[PDB]
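Every protein chain except one is present and positioned as in the full complex.
Each chain carries a letter (A and B) given by its place in the written order, and its residues are counted from 1.
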Amino acid sequence: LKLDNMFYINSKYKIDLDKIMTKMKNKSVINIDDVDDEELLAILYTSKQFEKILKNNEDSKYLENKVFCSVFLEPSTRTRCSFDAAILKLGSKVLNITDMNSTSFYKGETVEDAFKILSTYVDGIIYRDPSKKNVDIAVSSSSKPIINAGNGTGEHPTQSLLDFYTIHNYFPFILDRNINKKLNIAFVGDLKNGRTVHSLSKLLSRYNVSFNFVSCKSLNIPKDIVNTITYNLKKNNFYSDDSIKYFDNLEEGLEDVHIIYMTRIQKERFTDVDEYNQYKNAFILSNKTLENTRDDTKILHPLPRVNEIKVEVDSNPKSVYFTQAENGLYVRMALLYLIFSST
Amino acid sequence: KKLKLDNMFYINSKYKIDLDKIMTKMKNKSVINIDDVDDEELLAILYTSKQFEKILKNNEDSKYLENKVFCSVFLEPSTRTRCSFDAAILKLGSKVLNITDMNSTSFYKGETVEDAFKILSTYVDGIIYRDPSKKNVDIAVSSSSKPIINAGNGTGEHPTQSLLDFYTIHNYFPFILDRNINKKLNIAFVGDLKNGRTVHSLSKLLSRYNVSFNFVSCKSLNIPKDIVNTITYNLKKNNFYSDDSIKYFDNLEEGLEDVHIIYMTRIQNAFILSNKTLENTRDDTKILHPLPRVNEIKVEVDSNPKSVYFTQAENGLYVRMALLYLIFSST
Partner (left out) sequence: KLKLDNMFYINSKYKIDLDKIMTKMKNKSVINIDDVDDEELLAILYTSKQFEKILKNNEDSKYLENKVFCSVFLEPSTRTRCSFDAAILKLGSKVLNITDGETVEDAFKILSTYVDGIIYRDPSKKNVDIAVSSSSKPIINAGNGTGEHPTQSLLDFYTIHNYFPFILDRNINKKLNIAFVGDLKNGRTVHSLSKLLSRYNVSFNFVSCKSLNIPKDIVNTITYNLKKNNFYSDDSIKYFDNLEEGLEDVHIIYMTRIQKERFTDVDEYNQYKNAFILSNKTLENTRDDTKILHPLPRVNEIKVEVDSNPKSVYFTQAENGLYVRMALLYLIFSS
């Protein structure tokens, strides 16, 4: 697999793919901190390759004869199906456990033992669970690599990877760490519960980025995350009093941002009905709301959406969430290729 | 790589067609209603299915559609159609991703059909979709950037069922295709003619040929008017309509007379088929049933050589392999 695509050859951070693969072989990806600077760039270049290969109907079968287990103990479309598609288009095979309760899969069996056994039959495991902590038990027990597909309200590392790829596409300076080229993002909605928000904000804070956090009170971004953002921006001297701002309305939170990152208000997590109805309707993105964005503003959403983005916005050239979803195929193909390829 | 129909020369001279070019033109078609299939597409479907049936039976290589990936979305529970389609995919040498219910999916959280299909389309080359909704399938088709085959919906279209039904009938009575005023097929549909979509849709398909229909039911479970009209219409279009064309009965002994085909329906009991009931039918008579059958056909009948309902079910495989090959193969 040779990187010939028009991003890698123009890029100014050339890379040794062989060296990075060695380093990447058999790595678990649990949190976005498990992927460093060079790994990221390798993912991104390799992701463009696979995009190019697929867009040009060329042979995508660069990882043959692996068998993966896909374990989804909570509902998923994009994430589960796109992993599987990536697995199959690469020439490898997948076993699926898709069981809708953590309870009735650990049926008096410890997680430790389940992952001990299960890892013997496969080269790798993809693992979504509504528990934050189970993936950690799994990583220590497993003899094979785990890719976390979302652990409760913790993280979604491969979401953040495909999100970044999509951002980089429109705003390639995000990688340069150039103090005169700041990206501005607005994260809107369920900041407390959104594992995608969590992973993407920690990832972006390693680059030259300022953050608008647009939420109603009970879904404010967790303090531990702003401390992580704050620490990371300080590390590269991109921190100022303007780096992080909090808003409770759209009009203000959307000003001068390159990226609008919309999110779903997670009904499943609310107890007060009235509080849900109120929060549900707070931030609704519409062409009217977009009139005052920058012209180059791009709209992401990890999906699925309920009412938070009106369908009219799909026709606005600012909306890219369907492309974003598409990219998951390419990014997940790249991640798997890098980790699981033979020596 | 490229599927060759045996005896292409004879089939092109008999029907007055070019089967190679019909087949080429089916690339990327979606098949949602039986009316999506014209006269020439049906021949191609039928002969491409025979070919796969020849192949599999002489243990030959059937891998004519390698390296495709399909998503199979089944939001009803099913057994035979779901399995049948996955077997067809796998025997063609392609791969399949399965959804077998709403709850394991982002539908659970309220995602729309439009969104879910816009996205699924980008991961795969095509989609097989079953959904007890009336209109989700049509939404899926405008949302989808890839061809879809409808595996069964709430408007009662189930077109691969009516294609395999047709293929079974044609097997034993090939003259069905010929539209020859001297060779009329007669068929008795029997049972829940009111609810059986499978009857409605095969009715609609058969009525494009020289056929006549005996409908056998209670007054309660009569055949719908809309469907008679379409039968009547379609028969008049090739001059096969006469006052004989559509008889109506309320017992087997009368209904089963002089039919080539008996098509039993699931009731969803004056109509229970037995060896005795069958003594007075024609000798060439074949009995179909889309399946499953509770007790509308007694197990004794399975032994009778007039029974072909298990062969009918087996034919779903060849028909679905044919349809996947025709819609999705490269050039």
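Keep in mind that, in the parts below, a residue touches a chain if its C-beta (ideal position, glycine included) is under 8 Å from a C-beta of that chain, and two chains touch if they have at least 3 such contacts.
Student: Looking at the full complex, which residue from B:114, B:178 or B:314 touches the chain that isn't shown here?
Tutor: B:314
Student: With the missing chain put back, one of A:116, A:182, A:245 or A:267 would touch it. Which one?
Tutor: From the options A:116, A:182, A:245 or A:267, the contact with the absent chain belongs to A:116.
Student: Sort through B:110, B:132, B:174 or B:292 and give me the one touching the missing partner chain.
Tutor: The one listed residue touching the chain not shown is B:292.
Student: For chain A, which residues reach the chain that was dropped from this view?
Tutor: 67, 69, 93, 95-97, 104-105, 107-109, 113-114, 116-118, 120-122
Student: In the complete complex, the non-displayed chain touches which residues of chain B?
Tutor: Spelled out for chain B, the touching residues are 63, 79-80, 83-84, 86-87, 90-91, 98, 291-294, 310, 313-314, 317.
Just so we're on the same page, only the chains that are shown with their structure count from here on.
Student: Using Cα averages as centroids, what's the distance between chain A and chain B in whole Å?
Tutor: Using C-alpha averages as centres, the distance is 43 Å.
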